[PDB]
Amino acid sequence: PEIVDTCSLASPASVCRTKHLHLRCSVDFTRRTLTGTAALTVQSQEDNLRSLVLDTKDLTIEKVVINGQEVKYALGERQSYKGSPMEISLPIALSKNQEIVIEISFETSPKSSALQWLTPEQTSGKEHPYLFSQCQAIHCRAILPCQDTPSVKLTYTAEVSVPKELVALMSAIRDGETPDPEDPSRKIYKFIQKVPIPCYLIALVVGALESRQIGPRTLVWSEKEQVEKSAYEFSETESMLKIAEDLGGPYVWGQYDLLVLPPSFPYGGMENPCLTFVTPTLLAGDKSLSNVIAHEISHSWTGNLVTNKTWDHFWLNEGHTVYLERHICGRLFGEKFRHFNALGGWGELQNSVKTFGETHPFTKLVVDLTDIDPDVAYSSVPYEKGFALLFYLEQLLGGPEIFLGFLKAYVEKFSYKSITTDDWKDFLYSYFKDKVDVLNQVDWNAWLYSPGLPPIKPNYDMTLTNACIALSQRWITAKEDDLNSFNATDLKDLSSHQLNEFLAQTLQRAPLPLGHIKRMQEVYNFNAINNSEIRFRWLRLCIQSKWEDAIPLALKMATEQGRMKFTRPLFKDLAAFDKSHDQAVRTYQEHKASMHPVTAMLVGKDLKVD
């Protein structure tokens, strides 16, 4: 039953397993390098083990020490985005289950694909630099040598030396701070993660960070300028944790802290254990974007406890998390709201499938990422096709109470483990043994392995959606003589979420006539809305509908923050508009060197540069 990880060049788990990492490192802002030692505790899974291989990417290796002596190693040739395999020659052959410690001395490259280094001028405070990591999926190898596969789980401890005026945090419990004895201009911050994790959950931030308590087990961390606003925005965090624990079982990670990154953070959120990272584009002022928090919270079970064995099975992580997320929002705001969010997600799945094309391999639920960069394959598919399968199964099997019973048992069953789609399906069948006939009605081959929209669409309550659709249809069907009829009162009874969904519905039929879009600004003043989700869709609608006045607005939003969800389509839309095309390419070229490395790579590909 061989399931090897085709995104990793390291020895697989059937050969050896990393049990622990002790990281001692220093963050050198002058050189943009992290230097140090990664001591890996490795357990052989084989008799007579004499060598092993680790993943690396743009790492400089100084030496490898085992039993107090330097040992032989070799770096193989680079394999594109996978990096370079590092083979280490063990000094003494190991027995099955024998453990040794391998201490590797390394330095990262300034171009590390895991890291973004920000100058003082790129930060809020303008006086100090800043560093943040993003390891998921396969970027941990760009920080340190490791078996860079989610099929292996390890604990870790870390000591990190930084300039003394700065603060380091990690995906771990804080374990104190001291002056660095080898350099009094520096401080050492210490961390312990006692729960076994996949290495993609390793995370580091260094900057001028302050904190505020917002719940019994939560501090919010940011630069001083963002602390007050972040505390309010995310004040529902503890209530969401309590609901998540009801649904998933005990929260095992101790603290649930939040870090609000600078605007170039590439994602909305990342579920780094003990310390979720979020985008500052969540700071709407009204908590309207807090489903992202419910999402990250939910990953403390689906993803962080039960983990995809390889990235081909990423839907397990994401589909289940979206499912749990939408129940948290449903508990807080009602079942009609859960159905509204669910139906929105279907619409986003439509968009993604239309974008890739209905036969495209990246629209399958289970994907084959052999020679595919996970960053290139990344999309809403695993989120929303995954969620749709689960919601479909929920409806098939007797409803949300019953299906939540399965979700909790699933988490319990696979906690601290890494699993495949077949492990999930096998457990679903075991749990629901008395409804196997119902299960055998699902077209498993199509749902799991075929491209395109799923073979069946679930049932959705339409209550909160109907007004959005009605208003969108009024606009699309409007002729010039109907434009006068529209007025600000049209929006009176729409929540921000419904305004967003109005825009999403309308954007699905873009372009609209330019005069329509001008009238929309005239009566609805969407240019004034700072909500990032809303503004994003409004500017897309304006650019796709060829409104030249929106060009500087779209360029501004694309560059002043860097969440790929917003930055990628805005740049792509600006490139497809002949009036803005040359400026879109120029702007990307001018900014590229100060962008996040992954964002830079993907925008370049989108724009067909280099």
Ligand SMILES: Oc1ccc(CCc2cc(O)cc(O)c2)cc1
Contents of the next structure:
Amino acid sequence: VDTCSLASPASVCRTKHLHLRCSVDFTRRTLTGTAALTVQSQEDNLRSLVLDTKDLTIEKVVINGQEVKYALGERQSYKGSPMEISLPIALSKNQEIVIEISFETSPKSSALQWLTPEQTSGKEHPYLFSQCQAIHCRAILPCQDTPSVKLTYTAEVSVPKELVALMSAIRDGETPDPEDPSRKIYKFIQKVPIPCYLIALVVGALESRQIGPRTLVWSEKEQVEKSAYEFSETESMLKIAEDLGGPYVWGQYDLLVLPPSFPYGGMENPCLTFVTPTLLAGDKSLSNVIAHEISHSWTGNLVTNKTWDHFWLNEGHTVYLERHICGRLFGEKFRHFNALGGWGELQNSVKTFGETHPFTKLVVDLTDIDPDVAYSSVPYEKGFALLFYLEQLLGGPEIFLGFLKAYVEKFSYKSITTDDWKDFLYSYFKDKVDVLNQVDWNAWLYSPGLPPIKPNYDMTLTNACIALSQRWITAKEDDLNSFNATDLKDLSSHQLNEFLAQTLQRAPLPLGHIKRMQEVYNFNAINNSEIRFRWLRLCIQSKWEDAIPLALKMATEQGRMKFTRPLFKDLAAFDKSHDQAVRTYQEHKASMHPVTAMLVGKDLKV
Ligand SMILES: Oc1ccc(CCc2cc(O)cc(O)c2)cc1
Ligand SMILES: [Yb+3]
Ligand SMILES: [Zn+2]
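What would the structure be for the form deposited with the ligand bound, given that what you showed me was the form solved without the ligand?
Next comes the full complex, and the chain you just saw is listed first.
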């Protein structure tokens, strides 16, 4: 059972296909149209079924050409309202019907952000994007809003003719709208069955440039050139991923670079990954996010978590593949550097949440918990740490990647739980079950806090970062003159980042040390978003008033939650910036992404 969904479960009926016909009304901030669901009964004598909805207006529900009865239940908070449809004829097992629902979204759909022309790059046209994961697809269309059900889809989307629509699907043509010549209809086909959280739409003034044999980058005209360069490693990463995971089955791998309020680093929408413009460092140094989204084309999109309790299956295996792609590209010592940095992020989250916090468990029971509130690094890094531990336990990366390939093969086009994964792990490693029974499964999967065993990490690339951090932490005032720009000479952008991560773990430092660091290193000049983030956090936690406007500027000029949330939190904790932080949120909140708005409000207690 999926406790985040109000709809009939997969054991009762299963959506096979969605045909979406809709129109994007920028004037009203609504999507309007029909969702035609092809539904297969899994039961004898099926006479009704229930769908997920959230802030939808239902006009009518048509089956076999006639309107039928339906009822909306009472809102159940972040789950929305259940929609019961009365079937006109009882269905036998495996019988299929088509239910055509006429609906309209609310301007406040938590799935959607509607941007004014002023919030875009070109300043002449508005822009819309969706973010359905985890349980926001129900806020666009009525559906069984659970990743335990996979469907194919087709769509026809009418938008102002000067704008472009794209979806998580193969582009299937465009024509004028016959109902309104000021409009264009874009068509789409997704032939591969997908969980509904992978349904995605963008409408905006979009241009494209080809960057590989199966990849266009899409953005507003002013970002295209920069994006083409930033993401030029994409085809080489796809090739490596195919080697590790098996055939890429989705046809195209395009990239869409969103406006700066996009709430995450990436979203693995099939055929069209969405990314944050904060990846545009100018030097490709944040391309691990592309490797991560590419990896989801196997782990997440082919093998999918059956409910959001097992989200770690999606993320852990993805981070595991991600770090492999980057290890292939840049060396095994780099894979270990990233893995070790990941362990540090995990310490930070466990430290932040508390070592007994429920959200520090690998598997989390999400009944009554809004998944957006639970979301953190834990599933990523505690999941990664388990697989890395297991890799070492069972014989190394070549051996463990054999298992990853077999696991993707085995569960392609299915939705699985943690027990399903573990079962296959024991089946694949039947000759090593003595070694598998050494792992403390209950601790790793179900206990809060740091994992019971820390893997082994090569420290080669890390040592210089630790060394410099320690010099600063142990320095007294009479040592500050010894620091010099030449300190950073042999450090990559990745190492400069890790240096700051290490130092930030011991924050606050004395204000004079921070002032000296800006004097000698000019971190204020760095536009790499990861580096700038940690630097400004270090400044604010170390009580440097000068950094206040910089931190406020970063927190609001982009909306990647990774950055925006902890910046606002830090600025709220610093008495000098507290009032401004709260006032700034209040002023920007209406024009924020709905989920980000909600979470920053909670963080600030406003
Ligand atoms: O956009 C998204 C995507 C996934 C989630 C699910 C978040 C989550 C966190 C966690 O610590 C354990 C889980 O089992 C699930 C929430 C929001
Ligand atoms: Yb001294
Ligand atoms: Zn992911």
